[PDB]
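Here the structure is laid out as structure tokens; the discussion comes afterwards.
All protein chains of the complex are present and in place, except for one that has been dropped.
Residue numbering begins at 1 within each chain, and the chains themselves are lettered A, B, C, D, E, F and G in the order written.
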Amino acid sequence: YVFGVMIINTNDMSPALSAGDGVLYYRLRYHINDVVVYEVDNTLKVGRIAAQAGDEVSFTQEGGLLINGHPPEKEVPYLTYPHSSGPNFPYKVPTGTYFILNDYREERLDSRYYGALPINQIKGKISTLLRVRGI
Amino acid sequence: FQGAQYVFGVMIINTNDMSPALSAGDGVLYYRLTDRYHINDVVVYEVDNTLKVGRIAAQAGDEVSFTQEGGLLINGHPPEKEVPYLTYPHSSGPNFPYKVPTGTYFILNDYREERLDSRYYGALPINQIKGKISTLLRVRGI
Amino acid sequence: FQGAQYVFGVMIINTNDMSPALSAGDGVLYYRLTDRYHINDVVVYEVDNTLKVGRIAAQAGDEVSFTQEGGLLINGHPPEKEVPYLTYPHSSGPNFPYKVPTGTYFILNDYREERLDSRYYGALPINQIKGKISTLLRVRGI
Amino acid sequence: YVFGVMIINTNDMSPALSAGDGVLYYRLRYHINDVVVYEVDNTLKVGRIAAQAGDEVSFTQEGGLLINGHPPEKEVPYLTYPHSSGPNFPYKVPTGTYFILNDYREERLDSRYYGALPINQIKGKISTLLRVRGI
Amino acid sequence: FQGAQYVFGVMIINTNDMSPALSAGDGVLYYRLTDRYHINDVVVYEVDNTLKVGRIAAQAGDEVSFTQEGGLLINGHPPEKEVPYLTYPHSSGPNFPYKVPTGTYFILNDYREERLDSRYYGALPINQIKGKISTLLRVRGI
Amino acid sequence: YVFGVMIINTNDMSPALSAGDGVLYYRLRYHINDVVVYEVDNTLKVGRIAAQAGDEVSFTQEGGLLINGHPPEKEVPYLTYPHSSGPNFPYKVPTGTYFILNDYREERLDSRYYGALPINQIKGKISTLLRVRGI
Amino acid sequence: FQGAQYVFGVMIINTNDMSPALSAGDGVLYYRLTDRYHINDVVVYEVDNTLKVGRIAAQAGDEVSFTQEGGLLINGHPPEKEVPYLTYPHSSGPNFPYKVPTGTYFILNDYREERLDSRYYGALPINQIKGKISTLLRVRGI
Partner (left out) sequence: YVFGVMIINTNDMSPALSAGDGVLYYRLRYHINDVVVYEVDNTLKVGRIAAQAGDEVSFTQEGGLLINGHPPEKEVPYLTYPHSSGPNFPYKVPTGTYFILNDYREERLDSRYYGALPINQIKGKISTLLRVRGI
């Protein structure tokens, strides 16, 4: 029904997505591993959904991520540490929200800083990428 | 001789050897240059009646070697492009350090643990390069 | 084995051997079929490390012959496609009548006076067909 | 990994797919509602997967289809009657097979004639369609 | 006046009003004709600052009417294109039988149960037609 | 400046152009061998310009065409005979007109029937062809 | 409401108002952004039922003025893009200095001697921008 188009403008989602990528996203109920466009502070961001309503989200001392004890499907070539000004973990994911992580985990301004994003702040699932340079 | 020459090719990627830059199922476009390619270009190339993709890591006159800690050296310096893997030789490849011949390109899989690239074949002659991948379309598995 | 497979190719035509259907400088698009081609398709194909274009005049099991008046016969009947030229064998081609082998296509230049087509090479194996020309873009010389 | 390309050459799958459509299919484990290319008698066909190993497949007097009593997700603007030279129904779907139906149900030479197709005869799932005429 | 004119547009379909020919999420290409469109063309058109798609069911001078059994008549005959739905007027549309004006096209949703088409708006002037949908790309929901 | 787009709908210009071809034409002063869109009787046609203001146009008994005695640059695989209800030849081409011929010369409803076309009836030069079937 | 939304448009340029960046007869592609455009983008836009092209010289909140020597100032500084012409106001345009409104873009012809751009119309609301020209194909007149 509703489709958006944007140019990715950070490397928060690298290497899955890079600055300058073109994306198409549509407004959806999301699923773990969906990559979504969302808004915080009148600013569009992209991130991947690591957890949904009810899950608990914990860290290991060795930079690892746990959703309900067990670590995630998706792997990234980074260690995941908490943000110091973020909610306490372990962290329970509220109804109507989704816990969102940057694939490039060294950028810690995702749900680890904001908490889970409410639905009304999620603009849609990215269904198509067109990369036209920097292959 | 020639009836027709390529300007572009539109292909689907069959392998994860260029992962994570490229994934199986990705659509790509390449364009064919009549002059030279460049370092870091991802190219489509042919070896053994077999189409392959890889990234140009060195060109004519360059010297390629490895450190004991799985690092790649081009002319004694480490390359621009970084990949989340270590690079080791193919035991049945040519000798290193390896002087890249005139008119050839030394091509590496971004997914370095697959070693069927120039580590096994040596550098590829230009005439076996089909073109440079300039564009990518991914629809699933983002 | 394969890194990548063609879905389309976008090419420029270098020859007038397919004239007047195709002219030098024409841009074309082809698509690659995994199954079989058909009679009257114009295809891009390779023989002797050389890309060529031509039109499929017969397929596996067909019989190709010539009349003394420069006419082509496929299975004893004249073909659908008409060209403003006569068709004669290549003196150094195979024998006719010619039984088209399994898994091959008998390909002819629309500009029949150029005889470096299946009249010289025999029928082409399918694996040497790159794809079917579906689209044409002409900008000059209309 | 392995991709095929073909031109649909019947209207067995109409309106979902029409003769002259171009498709891309890849070799997969299939799911109900997948549309797949398959071979019978050295001939490529396309059809949609209505049932999998273990299911039972039954007809109603009123041209309706039942998979395990309950009728299917996918609806088509045709009634589904059995083929007279086909297996008996109700019909239990063997392991390693998939029961395949034409969307255009008046063409009855699908699994209703052949039975369920074994995997080795399924060439792949159609993932992309390009229709270039007859829109 | 004009800086630029459309030759093609590449669009995504937002509605199921043209279902099953077209579905939400489909990609389409249209081309813009300078002359006339034809019956059965699916076109992109604008009404109320709003882009819409539909299929041309009648043209200038034609007469459109309905039977009591939900059938469409064009010039007293039923149309070529068949859809798996019945066609009824929009209670707030113009009168029928309806004489199609000069320079207009009478456009219908293939999914006839949605009646916001020419049954409500009347026939659309040509200058509000953006072009004809010639190509379709579907990737999900096949 | 002004561009038109049309679908060729005859084979008058075959093989150069075929029914179903897409063309782009722009409004120009034309030159011999230009292929142009023109109007006669509220109907768009296409043809190639064989002669301009001042030229004389004559036929040979052997189906040949003469512009000022000498035959044309462009050759076609047809013989060119006059139309019986057309102007007398030899035929002098008026100022402000262009003598237009069908490449497929067996269709004789070009300038051989109409005479030379005035400029105001020539809609433009075809600069681009896109053939999408029947190659 | 919407049946379909643009992702790309492929257009031909009818004017030399964007010369020498763009020329009459150029083919272009644009893509439609759902978010904001940027300064220096060349965009297709509509004003008075009329498609136009131009280059975004300023955005919301910016201040546009002219020097007596035919120079353009954006926020008191001269802009990045240089054109081989001088810029003067349109005598019947709005007042300058000109505060660019919220949700609008101040658009200028690269060929500045044609003044039917934001110098006459003011800044264009975003909803009247069709998209950004990203690609150019020139075949004649190079």
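Keep in mind that, in the parts below, a residue touches a chain if its C-beta (ideal position, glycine included) is under 8 Å from a C-beta of that chain, and two chains touch if they have at least 3 such contacts.
K.L.:
Among G:10, G:42, G:64 or G:107, which one is in touch with the chain left out?
P.N.:
Considering all chains, including the one not shown, the answer is G:42.
K.L.:
Since one chain has been left out of the picture, which residues of chain G touch it in the full complex?
P.N.:
Looking at chain G, the ones touching the missing chain are residues 20-22, 42, 84, 133-139, 142.
K.L.:
Of the residues in chain C, which ones touch the absent chain?
P.N.:
12, 14, 24-25, 140
K.L.:
Going by the touch rule given at the top, which residues of chain B touch the chain that is not shown?
P.N.:
Within chain B, the residues touching the omitted chain are 5, 7, 31-35.
We adopt the following convention: only the chains that are shown with their structure count from here on.
K.L.:
Tell me which of A-E and B-C has more C-beta pairs in contact.
P.N.:
Comparing A-E with B-C, the pair joined by more C-beta contacts is B-C.
K.L.:
Distance from the CA centroid of chain B to that of chain E, rounded to the nearest Å?
P.N.:
Computed value for the inter-centroid distance: 50 Å.
K.L.:
Give me the residue numbers in chain B that touch at least two other chains, ranges are fine.
P.N.:
Residues 12, 14, 139 of chain B each touch two or more of the other chains.
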